[PDB]
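Asks: Here's the letter readout for the chains.
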Amino acid sequence: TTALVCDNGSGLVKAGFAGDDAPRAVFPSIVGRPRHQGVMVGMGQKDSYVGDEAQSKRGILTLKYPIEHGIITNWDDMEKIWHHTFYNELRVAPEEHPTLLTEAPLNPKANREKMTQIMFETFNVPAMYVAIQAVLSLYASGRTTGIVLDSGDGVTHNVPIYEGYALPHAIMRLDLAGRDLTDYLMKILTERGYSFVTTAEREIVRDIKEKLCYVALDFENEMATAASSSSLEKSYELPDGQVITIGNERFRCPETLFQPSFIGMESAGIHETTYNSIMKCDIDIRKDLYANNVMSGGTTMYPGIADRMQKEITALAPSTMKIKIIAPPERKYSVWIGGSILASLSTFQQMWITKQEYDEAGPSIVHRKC
Amino acid sequence: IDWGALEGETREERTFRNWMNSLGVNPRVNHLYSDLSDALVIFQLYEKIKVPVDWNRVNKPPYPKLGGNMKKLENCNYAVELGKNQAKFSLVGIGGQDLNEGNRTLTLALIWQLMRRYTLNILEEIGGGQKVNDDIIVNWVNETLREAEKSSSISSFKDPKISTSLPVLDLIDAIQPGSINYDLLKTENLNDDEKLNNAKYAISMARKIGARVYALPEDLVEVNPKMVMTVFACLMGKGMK
Amino acid sequence: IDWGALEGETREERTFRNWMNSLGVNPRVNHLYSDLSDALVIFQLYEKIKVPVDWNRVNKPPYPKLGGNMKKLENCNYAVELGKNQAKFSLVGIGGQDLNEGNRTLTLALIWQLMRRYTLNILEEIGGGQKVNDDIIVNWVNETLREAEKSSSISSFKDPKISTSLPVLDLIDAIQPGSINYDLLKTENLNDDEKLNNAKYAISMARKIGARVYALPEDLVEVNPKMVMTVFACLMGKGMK
Ligand SMILES: Nc1ncnc2c1ncn2[C@@H]1O[C@H](COP(=O)(O)OP(=O)(O)O)[C@@H](O)[C@H]1O
Ligand SMILES: [Mg+2]
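Chains as they are written, first to last, in the UniProt record's numbering: chain A, 7 to 376; chain B, 385 to 625; chain Z, 385 to 625.
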């Protein structure tokens, strides 16, 4: 009766029932493996740790996210993550529960085909549907007209919509996300002597990212200020009681989104691709799109993004032209909340892909009806 | 029969420990995550879902300080092997550590599947075959209540009559004689406490006859389909034919 | 009964909301285009023009913020489907958007046809058959007023006697006894306010007996054929035979 729903981001994995407001299952998309020789008897006998357990035992492990840039690459590890989600976390069977899924736009068709195969064959799910992560943000916002700028773990796509109809020729997809920022921060910290190279240490770098970094409203004034003073510096304690001191790196890193040439990546940047995705759209529509820009995803949670974007795109756009931004606290969940709204509605009793239909056509359904 | 909330527990936890305590378990469980570490209880459970146990391999209770954890881990590892291989459970990220260490998640991750398997073995046992469903059971319960002339029919497992549990007691009296006191049969059962009185009463007495009820009064007074169906199912249970 | 012009409304708007409020509607309409967005009122209206409603499909009032608009649109879409298919309305350029968005045109575009259908169902109900017309009704009203010896005949629905509404009150007293105060029966009813007094009075009391009058004093004090005919029609209404 009640459907399940999970976004399956390339970083975090989020799940829960239909109709709820917030999830009860948050673990990262991890599969860990040991990399040492075991000596004690009884211990061992666990080829794989998954999720938060693997994160806690990361000291002895190699941790591998199977997903990269919204694409699945390692299907066995992925299968195990699915099992963990359904059984160990959600405490429920698949066979008598319809399920919903999402993915970034402009993914390979094979990914959808594999997900359908896995469900209907392995898990024997009664019914299924796939969605676009951007669209659900609008349902969560209770709107129709706006641009959804999802900037997640491994991908950053941009979708304009007007009155329930999408303009697919204007879609844009980037490869920047919080992951490249993690690596870039790690690369900087060399400059102050701190050297973090391993996987678990990368998780520490992520913990620094989501606690100390912010956005500069003006990058150069901020930089010259940091150079002339230590008032901007902050310290952070590592797990071993060590202390790391950080200065300009707090804002030097997320500026990468607005100057990707730091990482040797020729591209437009966020402030520019948002504009270009509107210039493709028809002229009469551009207004409500400027005035209903929406954000989503966890990398949108730095302090100072929204103010910066308004200090940005405004300069690119005409005068006498309202730039509005929408960036609520419920980000990192608007996708999933939209999914929960979706599965509760009545209409979808048609929309679901069903088992008998897959038994007839095969995986091509998801591209037939989608 | 000391029902009551423990020192920061959850509504599912009490259901699972009541499942266990109602199921004839030899050491009284105060609370799960400290009593299941030796796993002996789960070894008692496998047999009840018709899954053999090699008691020779099962270490007896760890009495030595020195042996201690290692014996417990041998037990827990073999328990997880029983889960995965023979009885066909999904325990992808689980091993003996998580049981002995009292991980709050994965313990339950085994337990709810065990519970489902016992329920399913039952559901096979009622109707000779594979499964049953609300059709046959609602048919036969309404036939039974029709015979005793006592009270009204089950039109669904969402019927608010079960909020009082009076259909349940009408039924317990329908299958077997008046081995039961009716002064608690009190209409206008509107006080929550009174619905709970009749409900504790019904559960206790279904267990008295031998019907293998594990329910809570909070699960009848509030109508809950899977759970209430299970109550009636295990009343199909001990005596049909 | 707070009659009065709203914050920039139109003469038709007040007629339609008074149609609604006089028709026993559960939430008091302050004004149309903000209260009809959930469409529940129109679902109440279909039944009154003898058009079924599948209340299972009808979403209950949108309490969640998150559901919100989507539930309203499901409701509005089903309402428009009822309009087009079963009840045979013309809604060529209409969908759920226009109802939920409060488009000032198309809302009314549904409403006036609903109003006409209710009126027509009535017109069938008076004379067993298909329709009626001014012939039969003017015949019978003049017969009735002849019986009570009170006052003059209706020669047309343009008769200036109705500017005072005294034929209407003579009539309300003709069908049923003197359950009504005559000190307001005041000839030389030349002040517009006094015609309005007698008119508010007549409307209120036709509703008191049960005659399903939706009119305005401004529609009797100023004679208006379709509308005044409707007043007399719904007085045929509750008790003829
Ligand atoms: N306070 C914060 N500031 C900046 N970044 C954050 C913060 N909290 C989480 N993040 C980042 O946001 C990402 C989570 O975004 P999310 O929408 O869950 O990705 P996905 O859509 O792929 O699940 C994480 O990868 C993390 O690095
Ligand atoms: Mg994402």
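Note that these hints are calculated values from the structure, not bench results.
We put the CB at the ideal spot given by N, CA and C, even for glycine.
One or more of the hints may lead you astray.
[Said to hold, decoys possible] Computed list of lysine-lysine pairs in DSBU-like fashion (alpha-carbon distance at most 35 Å, straight line):
1. A:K293 with Z:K456
2. A:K63 with B:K542
3. Z:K432 with B:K542
4. Z:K468 with A:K375
5. A:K361 with Z:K456
[To be verified] Example chain A residues on the side facing chain Z (calculated, C-beta under 10 Å, incomplete):
6. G199
7. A222
8. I343
Asks: So, for every hint listed, does it hold in this structure?
Replies: Tested hints:
For the hint linking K293 (chain A) to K456 (chain Z), the alpha-carbon distance of about 26 Å falls within 35 Å, and the restraint holds. Under the criterion of a C-alpha separation no larger than 35 Å, the hint pairing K63 (chain A) with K542 (chain B) is inconsistent with the structure, at around 46 Å. For the given pair, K432 (chain Z) sits about 32 Å from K542 (chain B) by alpha-carbon distance, which is consistent with the 35 Å threshold. Distance restraint check for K468 (chain Z) and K375 (chain A): the Cα-Cα separation of roughly 27 Å lies within the 35 Å cut-off, and the hinted pair is therefore satisfied.
Between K361 (chain A) and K456 (chain Z) the CA atoms are separated by roughly 31 Å; this keeps the pair inside 35 Å, and the hint holds. Here the hint on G199 (chain A) is broken, as its CB sits about 49 Å from the closest CB of chain Z, past 10 Å. The criterion of a C-beta within 10 Å of any C-beta in chain Z is not met by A222 (chain A), whose closest approach is roughly 34 Å, and the hint is violated. Evaluation of the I343 (chain A) hint against chain Z yields a held restraint, the C-beta minimum of about 6 Å falling below 10 Å.
The earlier numbered hints that this structure contradicts are 2, 6, 7.
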